[PDB]
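J.: Residues per chain, in single letters:
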Amino acid sequence: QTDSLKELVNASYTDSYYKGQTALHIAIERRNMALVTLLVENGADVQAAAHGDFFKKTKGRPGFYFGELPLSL
Amino acid sequence: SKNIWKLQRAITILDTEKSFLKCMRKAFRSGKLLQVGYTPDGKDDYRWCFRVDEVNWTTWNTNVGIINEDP
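Quick mapping for you: the protein sequence lines, in order, are chains D and B.
183 is the number of the first residue of the first sequence in PDB author numbering; add one for each residue after it.
694 is the number of the first residue of the second sequence in PDB author numbering; add one for each residue after it.
Derived by calculation from the structure, the hints in this document are not laboratory data.
Incorrect hints may appear among the rest.
Said to hold, decoys possible - Quick list of in silico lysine-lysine cross-link-like pairs, BS3-like style, CA-CA up to 27 Å: (1) 725(B) - 241(D); (2) 719(B) - 736(B); (3) 201(D) - 238(D); (4) 238(D) - 725(B); (5) 719(B) - 699(B); (6) 695(B) - 715(B); (7) 188(D) - 201(D); (8) 239(D) - 188(D); (9) 725(B) - 736(B); (10) 239(D) - 725(B); (11) 695(B) - 711(B); (12) 699(B) - 241(D).
As the list claims (entries may be wrong) - If you want the ones that stay clear, here's a sample from chain B, every Cβ over 12 Å from chain D, calculated: (13) 701; (14) 723; (15) 730; (16) 739; (17) 756.
Claimed, not checked - Calculated from the model, a selection of chain D residues having no Cβ within reach of chain B, i.e. all distances over 10 Å: (18) 183; (19) 185; (20) 202; (21) 220; (22) 228; (23) 231; (24) 240; (25) 244; (26) 251.
For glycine and all other residues, C-beta sits at the position ideal for the given N, C-alpha and C.
Using the sequences plus the hints, can you model the full thing?
T.: And the structure:
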């Protein structure tokens, strides 16, 4: 009703450590199929590259590398 | 034999730690002081905690109980 759905849903983190993470990424990680459907139906981008520092492979330094893509995740 | 060696090294570590000045010992505590949660009184539960990292490829679903929702 605020005609802002596209920008809100496809909004993402800004700090370098989680840069690129999108609510679709959180939905897929939380394993909520219903939320995946709900988000994508409302215009969620399915090509969001979660290219943060956390989502890259670094020895010792904590993180999980999955391919930075919702399909890859 | 490996267990004996590890215990020998443990004794060495303890002796070395005990055999230095208080400045370095206080500068060399293990782990970090982290806000684990809340006491039943509701106050903050600060503890000296040691952090490990684990990987499980069978039971990821055990999402119950989590500090720091941000990784």
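J.: Kindly indicate which numbered hints from before are broken by the structure, ordering the numbers from low to high.
T.: 6, 8, 17 and 25
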